[PDB]
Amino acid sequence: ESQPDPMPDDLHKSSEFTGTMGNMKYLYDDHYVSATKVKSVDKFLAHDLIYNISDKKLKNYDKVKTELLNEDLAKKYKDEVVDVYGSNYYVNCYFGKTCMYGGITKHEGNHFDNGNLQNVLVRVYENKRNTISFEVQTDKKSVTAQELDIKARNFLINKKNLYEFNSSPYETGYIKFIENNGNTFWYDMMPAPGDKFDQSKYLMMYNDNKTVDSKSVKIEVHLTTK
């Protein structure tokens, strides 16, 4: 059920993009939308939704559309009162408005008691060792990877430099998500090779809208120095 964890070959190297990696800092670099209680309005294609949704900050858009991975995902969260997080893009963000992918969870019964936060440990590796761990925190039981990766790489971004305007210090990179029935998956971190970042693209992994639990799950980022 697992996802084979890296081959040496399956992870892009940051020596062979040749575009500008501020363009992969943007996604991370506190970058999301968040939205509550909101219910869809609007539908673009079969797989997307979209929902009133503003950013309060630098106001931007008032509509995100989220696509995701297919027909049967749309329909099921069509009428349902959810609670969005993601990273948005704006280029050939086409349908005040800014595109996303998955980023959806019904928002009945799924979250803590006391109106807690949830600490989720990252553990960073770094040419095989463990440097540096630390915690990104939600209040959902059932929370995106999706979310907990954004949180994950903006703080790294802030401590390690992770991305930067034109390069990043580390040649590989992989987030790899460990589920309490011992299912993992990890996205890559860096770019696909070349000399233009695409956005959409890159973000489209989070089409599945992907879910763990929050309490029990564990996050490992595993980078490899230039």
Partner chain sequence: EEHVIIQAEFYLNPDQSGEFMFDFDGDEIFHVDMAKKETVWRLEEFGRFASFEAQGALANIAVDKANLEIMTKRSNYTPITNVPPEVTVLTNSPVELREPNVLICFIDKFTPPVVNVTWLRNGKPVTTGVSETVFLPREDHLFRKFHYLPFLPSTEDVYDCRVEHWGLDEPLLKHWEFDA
Contents of the next structure:
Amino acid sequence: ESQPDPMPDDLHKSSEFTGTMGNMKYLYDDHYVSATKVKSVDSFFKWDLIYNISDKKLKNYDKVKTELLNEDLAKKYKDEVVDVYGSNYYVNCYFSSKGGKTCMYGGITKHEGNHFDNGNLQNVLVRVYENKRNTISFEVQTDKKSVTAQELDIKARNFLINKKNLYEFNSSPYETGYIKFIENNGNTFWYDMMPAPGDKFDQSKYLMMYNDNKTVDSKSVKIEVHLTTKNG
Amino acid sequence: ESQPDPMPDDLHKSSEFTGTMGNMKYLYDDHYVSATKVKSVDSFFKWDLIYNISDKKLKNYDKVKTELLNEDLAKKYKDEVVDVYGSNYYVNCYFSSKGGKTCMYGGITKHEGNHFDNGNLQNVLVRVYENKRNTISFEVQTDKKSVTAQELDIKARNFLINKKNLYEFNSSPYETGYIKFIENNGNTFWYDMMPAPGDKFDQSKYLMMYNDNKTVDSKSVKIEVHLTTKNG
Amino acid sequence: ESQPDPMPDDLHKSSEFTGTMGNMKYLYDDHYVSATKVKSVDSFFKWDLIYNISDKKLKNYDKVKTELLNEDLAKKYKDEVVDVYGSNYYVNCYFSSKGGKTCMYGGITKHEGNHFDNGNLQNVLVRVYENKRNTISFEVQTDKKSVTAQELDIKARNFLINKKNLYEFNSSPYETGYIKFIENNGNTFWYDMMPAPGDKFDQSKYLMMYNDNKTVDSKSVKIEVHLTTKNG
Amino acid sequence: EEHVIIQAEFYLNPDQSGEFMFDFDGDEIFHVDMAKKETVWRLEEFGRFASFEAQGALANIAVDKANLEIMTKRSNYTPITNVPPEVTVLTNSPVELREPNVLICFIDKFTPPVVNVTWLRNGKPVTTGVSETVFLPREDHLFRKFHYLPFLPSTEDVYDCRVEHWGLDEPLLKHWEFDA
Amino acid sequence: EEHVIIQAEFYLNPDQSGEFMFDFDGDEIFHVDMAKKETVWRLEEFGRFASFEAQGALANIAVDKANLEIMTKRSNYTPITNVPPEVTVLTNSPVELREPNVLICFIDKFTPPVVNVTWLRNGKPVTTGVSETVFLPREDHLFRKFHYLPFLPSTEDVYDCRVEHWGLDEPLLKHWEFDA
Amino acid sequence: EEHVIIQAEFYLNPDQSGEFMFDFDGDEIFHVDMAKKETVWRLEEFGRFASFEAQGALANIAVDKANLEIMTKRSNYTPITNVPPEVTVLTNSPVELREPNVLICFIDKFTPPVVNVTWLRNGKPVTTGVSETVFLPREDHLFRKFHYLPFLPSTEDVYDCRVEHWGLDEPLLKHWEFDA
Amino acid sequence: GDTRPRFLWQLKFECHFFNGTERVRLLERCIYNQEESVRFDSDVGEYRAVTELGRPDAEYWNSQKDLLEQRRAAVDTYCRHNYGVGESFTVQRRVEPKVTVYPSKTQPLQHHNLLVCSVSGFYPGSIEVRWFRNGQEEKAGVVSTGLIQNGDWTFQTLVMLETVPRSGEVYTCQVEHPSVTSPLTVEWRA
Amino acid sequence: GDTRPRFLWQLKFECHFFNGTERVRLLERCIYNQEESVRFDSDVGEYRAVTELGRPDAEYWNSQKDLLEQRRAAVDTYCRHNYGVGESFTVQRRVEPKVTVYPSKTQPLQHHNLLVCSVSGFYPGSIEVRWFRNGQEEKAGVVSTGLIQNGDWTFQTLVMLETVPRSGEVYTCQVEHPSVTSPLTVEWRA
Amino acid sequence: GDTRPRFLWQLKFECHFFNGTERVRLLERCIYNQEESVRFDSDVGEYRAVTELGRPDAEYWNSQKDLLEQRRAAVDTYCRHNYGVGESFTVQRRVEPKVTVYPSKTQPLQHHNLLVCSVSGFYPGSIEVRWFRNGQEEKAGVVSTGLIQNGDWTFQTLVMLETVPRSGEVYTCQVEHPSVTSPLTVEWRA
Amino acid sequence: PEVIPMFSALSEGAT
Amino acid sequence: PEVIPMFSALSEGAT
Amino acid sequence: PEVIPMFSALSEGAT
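Could I have the structure of this protein in the form deposited with the partner chain bound, to go alongside the form deposited without the partner chain above?
To see the whole picture, the full complex is given below, headed by that same chain.
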């Protein structure tokens, strides 16, 4: 079957997080690694792959290490021409390789025949619910037929940050939040959108959820963002 | 298996009935419809049959509608020569047919070869228990080999009314009461003899229990009347 | 499987016994019946056997009745040349037979090929634990390959009485105690070493536990005596 | 106007069908079970705010039958013209995979008030959790009726509402499948 | 008189049977289990109102055996004459279908005190819930005994109390069936 | 001296094995799970008395790899000489029948830090309840390691600790059976 | 097979209420098969045959003073009465609608986006659904499937809107219903 | 097969009580196989051989003063003692009878009705069962199966009554037992 | 098969403590495959190449003042620090030994009894096991399997004693361990 | 509160 | 309360 | 209380 939806107790509450929400916002606000038709060139640990991807933006890195859930997953893509898309971090990003470095998890998709002829992008439906009621609906776009949930998730939150202040420097307008993916085969899974309780946000630990390199069919997958305001 | 005997909580208490017990007495005190070798002539609803039976006594009706538990039961006896015996009511007796009318439930038995040669009647044992102890015992009689439990029940209560004041105008000497039938095959079933709690007795609703047209073998069936006085 | 070890609640407490512990000590302090190569000569009840065994010591008896768990057990050894070893009693020792009498339970072993050539005795390990910790260890000896647990038990307690004051005239230094036997096949069983709660010790009733005539392999069986002091 | 409360009843020969119900703006408030002789509220809570003496429906229905007999004879036994139903299948709400929903089979604009409705899950008859309403009135004097089937959407299951009525030359099957 | 309390005991050779019991107006109060060496009250509650030191029965029984030996020799080993039992089967109370009851097998007027009794439900041996008493005394010095079988009446089940005794040339079967 | 606390770490090419642990008088205090990026205390209670920031091991290990690369090249790619392990099987305590115990497979004096260990109960692989430690340091710079197997003694079961290492020409099997 | 002719007879008492219980009209109607034959309109005051088949009844019932008197007062004793009794759970019954906006699975003509505003599970049936493009109401392109009565005291409806989407536009679906004091809105960000 | 001769020996001490503990008699008896050989009757005061087989014992036991003295006082130390001990749960034990009346499944001679009065589960065994026809006791036609001792401190009995039933007659079964202060009655209405 | 050459690199920081935290020595050592190449000994004060392979590092690291300064103070900031932190559950960890005495399953030379004193499940490893024959310590015949470290913060050891058993003798096994204030003793009664 | 029904009127001949 | 038994007397020769 | 680690020093060339 699929992953059971969360119960209010299953979700992180921003009210229980006393750190700087800006460090969560940072991961999704016009922040991401993107590369097309590349192959890994090294590996730190057997479950990760390293690519030569440069920071077109601010030249902050030219080497990117992506960690996967296990060796098989890393073995699968080691010698393949792929595309990369994910949210990177620097705090506690470590690895040597024989130029700045940056880190991430999952985000790999085979490049061969996974694109649309002539710059055609695929729209994906995202419906936002605030306190159980659909408030706004929109679409995010991707250039891949089979895209990682991470890519879609990142794009959804980028949008919500700008238009719903999903994340602010200190705290958020919402108490709980989770993004749910529904596949055309009935299978569903979700991610908690709030930081773990406490006074410090561990970017590396949080992004590790994109570990599984979960992919979905962009032309048929649907997305639902469920949020709640503290009181209502 | 057979119907589980009643627990004190399962039985109606006359003390919880504040209506006129005389309306219950009315149904069993020298009160009954009886007809021999007749066939239905109409039907109001698919589960009932209507007969041309006259009130030999006080000329109170010439049409009788008997309701059954279901259509099959009504279909079974529709075109048969039968005998009828049951307790009728007038309050809320309704039906049209193309002379007074009266109503009842079940009470039908095939007439063909169900009688005893030369007015011979079959005696049936009835043992009365007051507070778990056999107080009196007697017999009721029927002219049928296979007789409805309703006929036997009616005759038992007619006797108990005259000799034990089973029912009086207002209230009864007994708190609870149920008449139990024991068939030669071990199967048993019982009827509550007291009116439902409340301030009004619904004759029609109460008699509906004779709905199933339950029949038993008169030469082998046994009857037990279990009563209790309020205190003892 | 084997008999479950005792829980503190499963054991008799000497503190709850207000009789004379000397009557328990009596059963194990240089006290026992011993005979080699003999055959029963009578029987009181079908589950017991009677032998002509004299009291070499103080000439207190020349007839011994041993009771078994059942007839089959008595039938098994009735006409066999056996050896006897057990703890006898006199209080409530009853039986007629056609010279003093004494009584006991079990203690029978076939004599044929159950001994060691040239007075060689078999040592058996006994480890003593006081409050869960091994305090002393020693061995008891037997002349039989297959010996009754009763014989071994008796010898162990004889030793502990002299060297650990296991039993004293009035009361014991220990609160609880049980002797556990471990067979080379993993099977285990134990005996409570304290008298039943109360103000009177029933020797006959207590020794009845040796009823089953339980035997074990002397060259491989191990013994553990577990005791506890009232406080510690 | 803004509200209409209708007390509708009928008797059909030779089926011997009788019905007595109350309607509020097109929605049934209750009807009477002629066999158990009791009031059946469309929604449970209604029965806690009001009551109805079922025996009243039984008295009326007896008069209605007598009248049917008179009228039948008065028209020179002119029988009713069968008018076949319009059948539509829909979910009570937008459908989402593995999200509980209810299939609704709407049988409308038909007479006489007698129909046989069955549900089919992948070509096979479904009985679990199905419910239905009694015949509801229409201004044109024909009838409406609803049959429901609670289900869990999936791209594997396909359904059919199979309707039979003397006005239909053959049984009508309305298909439904997840196409959203 | 109005009451008789009897202390009855016996020893039988070569069976080695020993018994020690107390009788009140024909009903056993208790007997002693010679193997477990304990008092067995006929009815549980008796044991809460009185007690008996079982060892006393064991001392007596030993004297009884010695005496049996003396007497056996004194009569020039005159063995006992087997007297076969009268067997009757009855229910402890009037029988009613599916109404719990108990079949009682009464073995009376027999000696020596040794019998084999088995119950048969439809020709097959029954073991469930059966109980029995010890040999009870009679003024004529023969014995009585009761075996019980709790059951649920029915027109399908038939029972038999099968009794074996050296006085009976063949096993005696007393049949019982619902004929009420 | 009386106490030694060692922080030991290593990186192995081309296996890409990395380890970071703390040792107290030969007993591991904790090590860091490089994948989950967390501290794993040898004994649960340690983690309630102290803490360690796992990210620190990850920073070090990255430097250790870079250094391994430099050194590998500096030695003219001189590969390590395989040194086969000494394997011993023992129970953590004296064995008694049906008395819970634990089989310990001690793999010592070997390098490089890579081994395949499997348990065998009567010639078949055992997986239930088995646990193991990480590679522990030795003064001679070789390694030690422990694998455990909780079991219930019996004269029927026989075990084998099967060890594979590039220094062993063939897999080594250390047998164990109840001989006490 | 079963081919016997059927003969139906319906009886209907319709109570029509205007401005609550301000004005009430009772309409008693008899229908033989599919033909209304006779009726009593409280506005008329007596029975009137609707077809020849009913003439006998209109005449016979109008000759019964007790009947006519009862029929004439039913607007009070029957209609206004039952209205007072059921008012709390019928006239006042209110269940808020579930509103969600998403593009249609259709989308025929390419460079166009057909939007679907789904409104369901509501009661009463009275409801207003409007579409807006950047704060101004849309008149054309709007299409509805109509009000659907589910038969369980619940309604639903879909109101589509054909659009030529431009990045930045905000297409709003507005719903006004007796269950809420202020309108419900669900936006589509193009 | 097992054909060995058996040799039995019984010992019985009978305590007979009259008027409670007013008069008590102890009877000690020895029986070889089925033959009582010797006995001690407290009314006699010494052992008496019952048959030649017992002569030696009567003579030998009578020569033992301690034995005779004990036997002579047992009527107090044994009989009256154990009576005091068991009195509460034996002499005073009382369990009321279950009484039910129904016709016999027999009914041989036609125009006759054989009635069955079933009385069971009672204790002690002392009980009086009588039949009455309209208030007057019946002497003839009455037949009993006798008192049945169930062996579990319970008794039962059936008392039939042959009758020539006449509508209106009341045949009563009356039961008097130590368990009840007033008689129990169960009527048969003919 | 997998036959690629392996290349290992170990880094170890050893803190040696004498008299608690009275004297502390830090030893930082680097090992290429099985060869220690360079190290920093707090007693020396700077890095020293252990083999030619490490010369470059000793020279390069000694040229970094910040590094040397940190290494020079680590004996306080690193060693004494972590000792204070782990002291309660390491240096002070105490688990009492399980002691049991029984003869060996061996027993080679006949008229002799080889005794086994089993001491297990204890911590720390420091422990003293001695055998005594009637109160006087045994020097010869004693043999140990040595101290076994189980890898789970537990130790065990077996100390045998060859004897010529004589009825009455008392062979005692004595165990002194930090977990107990007074020695543990388990006797074997010969 | 009780919902009150209107009662059916009998046609002539049906009476 | 204890029920007291009568004790058996031994015949001569059995003694 | 936190256990503090010593940090690895980079060889020249690895830097």
